[PDB]
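S.K.: In case you want the letters, here they are:
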Amino acid sequence: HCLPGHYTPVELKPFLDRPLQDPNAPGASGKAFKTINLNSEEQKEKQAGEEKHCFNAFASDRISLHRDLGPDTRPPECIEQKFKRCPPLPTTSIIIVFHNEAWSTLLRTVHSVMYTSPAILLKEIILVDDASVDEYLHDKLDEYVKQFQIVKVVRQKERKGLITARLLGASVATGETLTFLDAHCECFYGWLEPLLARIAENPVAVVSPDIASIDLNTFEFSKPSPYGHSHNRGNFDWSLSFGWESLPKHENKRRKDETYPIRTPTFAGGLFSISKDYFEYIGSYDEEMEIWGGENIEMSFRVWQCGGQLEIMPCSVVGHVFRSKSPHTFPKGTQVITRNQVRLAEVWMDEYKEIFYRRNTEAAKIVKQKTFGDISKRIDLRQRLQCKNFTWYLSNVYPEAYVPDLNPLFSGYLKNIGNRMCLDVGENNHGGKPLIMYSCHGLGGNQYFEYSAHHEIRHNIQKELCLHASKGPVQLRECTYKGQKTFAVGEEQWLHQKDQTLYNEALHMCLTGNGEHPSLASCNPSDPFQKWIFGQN
Amino acid sequence: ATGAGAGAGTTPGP
Ligand SMILES: O=c1ccn([C@@H]2O[C@H](COP(=O)(O)OP(=O)(O)O)[C@@H](O)[C@H]2O)c(=O)[nH]1
Ligand SMILES: *[C@@H]1O[C@H](CO)[C@@H](O)[C@H](O)[C@H]1NC(C)=O
Ligand SMILES: *[C@H]1O[C@H](CO)[C@H](O)[C@H](O)[C@H]1NC(C)=O
Ligand SMILES: [Mn+2]
Numbered sequence: 001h002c003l004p005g006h007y008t009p010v011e012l013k014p015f016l017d018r019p020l021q022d023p024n025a026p027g028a029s030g031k032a033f034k035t036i037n038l039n040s041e042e043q044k045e046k047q048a049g050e051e052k053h054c055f056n057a058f059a060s061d062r063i064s065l066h067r068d069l070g071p072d073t074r075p076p077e078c079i080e081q082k083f084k085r086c087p088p089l090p091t092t093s094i095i096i097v098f099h100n101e102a103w104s105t106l107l108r109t110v111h112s113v114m115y116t117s118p119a120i121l122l123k124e125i126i127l128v129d130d131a132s133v134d135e136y137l138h139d140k141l142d143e144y145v146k147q148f149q150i151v152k153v154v155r156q157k158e159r160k161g162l163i164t165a166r167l168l169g170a171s172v173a174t175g176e177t178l179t180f181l182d183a184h185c186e187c188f189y190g191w192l193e194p195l196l197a198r199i200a201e202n203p204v205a206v207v208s209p210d211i212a213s214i215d216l217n218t219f220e221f222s223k224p225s226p227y228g229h230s231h232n233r234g235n236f237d238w239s240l241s242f243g244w245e246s247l248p249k250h251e252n253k254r255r256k257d258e259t260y261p262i263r264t265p266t267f268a269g270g271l272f273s274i275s276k277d278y279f280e281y282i283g284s285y286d287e288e289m290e291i292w293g294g295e296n297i298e299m300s301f302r303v304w305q306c307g308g309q310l311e312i313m314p315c316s317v318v319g320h321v322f323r324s325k326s327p328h329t330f331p332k333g334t335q336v337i338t339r340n341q342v343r344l345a346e347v348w349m350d351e352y353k354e355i356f357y358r359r360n361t362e363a364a365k366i367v368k369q370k371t372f373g374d375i376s377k378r379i380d381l382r383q384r385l386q387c388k389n390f391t392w393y394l395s396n397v398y399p400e401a402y403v404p405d406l407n408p409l410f411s412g413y414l415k416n417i418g419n420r421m422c423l424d425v426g427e428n429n430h431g432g433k434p435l436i437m438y439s440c441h442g443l444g445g446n447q448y449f450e451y452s453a454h455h456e457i458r459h460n461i462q463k464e465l466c467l468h469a470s471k472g473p474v475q476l477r478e479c480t481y482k483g484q485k486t487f488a489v490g491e492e493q494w495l496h497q498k499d500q501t502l503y504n505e506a507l508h509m510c511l512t513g514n515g516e517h518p519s520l521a522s523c524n525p526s527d528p529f530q531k532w533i534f535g536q537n
Numbered sequence: 001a002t003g004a005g006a007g008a009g010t011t012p013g014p
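Respectively, the protein sequence lines represent chains A and B. In terms of this note's numbering, the first sequence opens at residue 1 and continues consecutively. In terms of this note's numbering, the second sequence opens at residue 1 and continues consecutively.
In case anyone wonders, no lab produced these hints; they're calculated from the structure. Note that CB positions come from ideal geometry on N, CA and C, so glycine has one too. Any given hint could turn out to be false.
What the hints assert, rightly or not - DEER-style ranges, computed between Cβ atoms:
(1) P14/B x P71/A: 18 to 28 angstroms
(2) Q21/A x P14/B: 20 to 30 angstroms
(3) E11/A x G7/B: 42 to 52 angstroms
(4) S326/A x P14/B: 12 to 22 angstroms
(5) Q147/A x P14/B: 10 to 20 angstroms
(6) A401/A x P14/B: 16 to 26 angstroms
For reference, chain A alone in the conformation it holds in the complex:
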């Protein structure tokens, strides 16, 4: 089965040949489509699309299903890379899960895969319908897709969400590998070979493309740059949200060219390839997780702790329509996401789970009322595979991570006697911006604060941020205290006094909850707006 040499370009020719495109058509070569100067019926269609899909479906419906993405702008070593015939490139089953996807976006995903994926690799495309309502996604889709011969639609009759749908897809797949894609993606040139070649080399590797943004408003594709730019890897924050960060210096040094894998603490988890056998062996997904949320983080910890590796291959580029809001209904509310996170925290995070429970009150409650369900199959899997503990994961996989204290001196919320609202970090804050007052919700999150031995008031979900005194509005800034060497600057040291005032040690002034932004004022023990409760949840 194992031949000498490298696959030829003829051996790699795609399943379907892209027709030469009209260069002046809308969205051509992946450039912006500006949908402006619309008549009254058109402006109606656009708002209907935006509100159905939480992307500009009006734009998507006017762009070819066949659009090229212009010239291949990947690094030169990616365009030149050859693939050995031994071990052979494995076959793949493409699994696209959808729930009420637009036609234009679902079929541009399917067309993209056929135009960019070598015929010799592409065994089948499985479309998993998670109980879509739209009639066009029933018989119309079944019939349209027959022409392609290798495309099958599988139906999840009752809405069970993305996790159950992927397990359904996997159970019918016969490929040697599974490649998962969302239903609003577009494959770049040569995206598949580098994923599948890496699994051929190392079958415990779970590999992701370097995911590109497709703009939800204009459908512009963010193209790779040829000169070794800043890459992102996946992380988690201590609310267990997926996030992106710069690579550390040791990884830049280790990677000699762009064909080298990037080791990633977490993966976005929509777009990746895996050995089918390894997917099953390493515990596929927790079947009790519902709708959306947590499974990518759960899979990240489980792969790493149980002896696999999570990798991003920058020679593999796939565009994704990133949204700001879900279009999806939640049959039994968004509590589902928090239950999914408690399930992964109980199984994988050991003592570190308490750091998350403190920051998401809803999760602390689910633990206390034991409504997160039976995890005995997940516990059993962690034992049978002899997976390492979370201390090992933080040390060996994510040594760069800020880890809060397991048992901080104090955590909770800051409630103002005067106006009966809570100190809130606001919608968007990672440096610089003033804070707000917001209704006390007791949920933690944006109202979460810790008190340190060194008199700091921390907001430490993502970064180690410290309440930072100023002549005007109070800020969150990076703590200057970060262990052995360093100290705590007076602008970040506070005393909660007997009169319930918050007294900054540097400025000798008191936090008031008056105005839009809490600021420092002359200390007035009779001012209710300078009186703070440090409430525990």
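Assemble the complex: chain A is given as a structure, and chain B with the ligands must be docked to it using the hints.
M.R.: What follows is chain B with the ligands alone, placed relative to chain A:
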């Protein structure tokens, strides 16, 4: 009263 970071239920872009 937002129940999470604004409009969660989506993966953030890079
Ligand atoms: O209940 C659901 C929710 C989502 N999806 C699909 O799961 C994939 C991931 O969801 P989405 O794209 O909304 O999440 P994000 O990519 O924003 O994390 C998409 O192809 C959705 O159509 C699904 O099948 N059932
Ligand atoms: C976790 O594993 C590490 C070494 O990988 C070990 O030193 C430590 O004792 C273990 N922690 C627990 C909580 O068992
Ligand atoms: C939701 O966002 C608002 C701002 O719109 C507040 O920051 C609020 O605290 C947020 N909720 C949570 C749970 O963080
Ligand atoms: Mn998506």
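S.K.: Can you give the numbers of the hints that this structure goes against, from lowest to highest?
M.R.: Checked against the structure, the only hint that fails is number 5, while the rest are satisfied.
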